[PDB]
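Structure, as structure tokens:
As you look at this complex, bear in mind that one protein chain is not there, while each of the others sits in place.
Labels run A, B and C following the written order; every chain starts at residue 1.
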Amino acid sequence: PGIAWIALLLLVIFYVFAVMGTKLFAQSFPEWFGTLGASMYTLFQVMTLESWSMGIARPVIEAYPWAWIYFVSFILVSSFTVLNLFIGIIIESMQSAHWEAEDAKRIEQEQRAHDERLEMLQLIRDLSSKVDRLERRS
Amino acid sequence: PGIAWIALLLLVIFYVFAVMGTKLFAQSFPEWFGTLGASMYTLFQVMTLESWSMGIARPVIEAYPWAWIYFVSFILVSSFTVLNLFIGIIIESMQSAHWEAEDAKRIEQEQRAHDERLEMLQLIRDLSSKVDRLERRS
Amino acid sequence: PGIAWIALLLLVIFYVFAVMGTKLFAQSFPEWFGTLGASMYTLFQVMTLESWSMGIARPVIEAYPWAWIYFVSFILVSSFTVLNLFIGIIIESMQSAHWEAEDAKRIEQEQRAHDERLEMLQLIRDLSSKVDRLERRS
Partner (left out) sequence: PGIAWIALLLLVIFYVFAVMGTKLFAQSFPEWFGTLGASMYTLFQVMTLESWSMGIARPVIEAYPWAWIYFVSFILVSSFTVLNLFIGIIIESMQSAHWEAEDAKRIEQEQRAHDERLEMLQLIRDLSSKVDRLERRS
């Protein structure tokens, strides 16, 4: 398993949508969608929210007015799995730098005293056997 | 309740302002605010700050010179209830993955020794009952 | 007293800079820096990094070629005292929604047994006198 597991999913979405868009727009916007290789570029350009609608979406949507859905969704999904991936890094850093190291520094402190108690206990019971061996001796 | 509760709120702010925009600018920016759906689009774009100002705000502000307040507010609000949503996940995931788990492991490893303590205590007053039972017997 | 103290500071930076730019560029970029309240806009737009350079800076810098330091520094400072403020919310949220109620659950779980151990102690000294009065009573 892993984080670099969404970066697979994401790089899947990235490919999924790239070809999806070559299929539609390569037709009429052959500089943006003319090949797969430009889609990849344009889709990275588009993920980076740089003249995404004004530049690309609008004039495409100019053509295929439903294209909006294609652009909007892509952005939603794309950026959103980066949020899930940006988070994956916050977590697997924020419960790694401190929380995996204390995670065991108090897993160790705590069992370093069920060790003191359970000996102290054993000590008081060799007291009870020494005392209760002197109501059986008085 | 929930954090998919601000996703309701946001998706109202978004519809509020969409109808606000359409009612206003539909008139003279009918490309952007021509329909409710048109503004729903524009405002996604404005939210993604992609030629948001140079593209939409400023030209809407030339015509309607107070629209800045509209646009700057919508941005401030919308984006702000995403910061309020983006953290709604770093929290609900950073204290759900590390700190829901330990929350019970140290809730446990503490109440596991009110066990050892309160029983070992008992052992001592059973010893105190056996010894004080032998100054009243010596 | 709080996080809104940078909000103040950042609302300072915003004001200082909006005047400095009015005094400089009002002159030749009046639409952007003509009034105070339009440098306020323009620097809201600069802060949002929307056509920031290619739309404002490049042009201002065509004219005044040291204005770069102005823009860059503003951006740096601005988005930095925001990174500073953005975090002053993850922090003031992640040790407030979890690390505040535990912070008192196990400052209280702790002091619930300096109050057991320290009763258990006496009860053991009360066994040390009643026994130490039996090497002298034997």
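We take it that a contact is a pair of C-beta atoms (placed from the backbone, for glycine too) under 8 Å apart; a residue touches a chain by one contact, two chains touch by 3 or more.
Asker: Which displayed chains does the hidden chain touch?
Answerer: The chain that is not shown is in contact with A, C.
Asker: Going by the contact rule already stated, which one of A:35, A:48, A:73 or A:111 would touch the omitted chain in the full complex?
Answerer: Missing-chain contact among the listed residues: A:48.
Asker: Looking at the full complex, which residue from C:40, C:43 or C:94 touches the chain that isn't shown here?
Answerer: Of the candidates C:40, C:43 or C:94, C:94 is in touch with the missing chain.
Asker: If the hidden chain were put back, which residues of subunit C would touch it?
Answerer: That gives, for subunit C, the contact residues 49-55, 57, 68, 72, 75, 83, 87, 90-91, 94-95, 99, 103, 106-107, 110, 113-114, 117-118, 120-121, 124-125, 127-128, 131-132, 134-135, 138.
Asker: Residues of subunit A in contact with the chain that isn't shown?
Answerer: Where subunit A meets the chain not shown: residues 41, 44-45, 48-51, 55, 86, 89-90, 93-94, 97-99, 102, 106, 109, 113, 116-117, 120, 123-124, 126-127, 130-131, 133-134, 137-138.
One rule holds for everything that comes next: only the chains that are shown with their structure count from here on.
Asker: Based on which chains touch which, is the overall arrangement a line, ring, star, complete graph, or other?
Answerer: Looks like a simple chain-to-chain line, open at both ends.
Asker: Just how much do you need to spin subunit A so its Cα atoms sit on those of subunit C, in degrees to the nearest 5?
Answerer: Superposing the C-alpha atoms of subunit A on subunit C needs a rotation of 180 degrees.
Asker: Would you mind pulling out the distance in Å between where the CA atoms of subunit A average out and where those of subunit B do?
Answerer: 17
Asker: Could you tell me which residues belong to subunit B and also touch two or more other chains?
Answerer: Those would be 49-51, 55, 90, 94, 106, 117, 120, 124, 127, 131, 134, 138.
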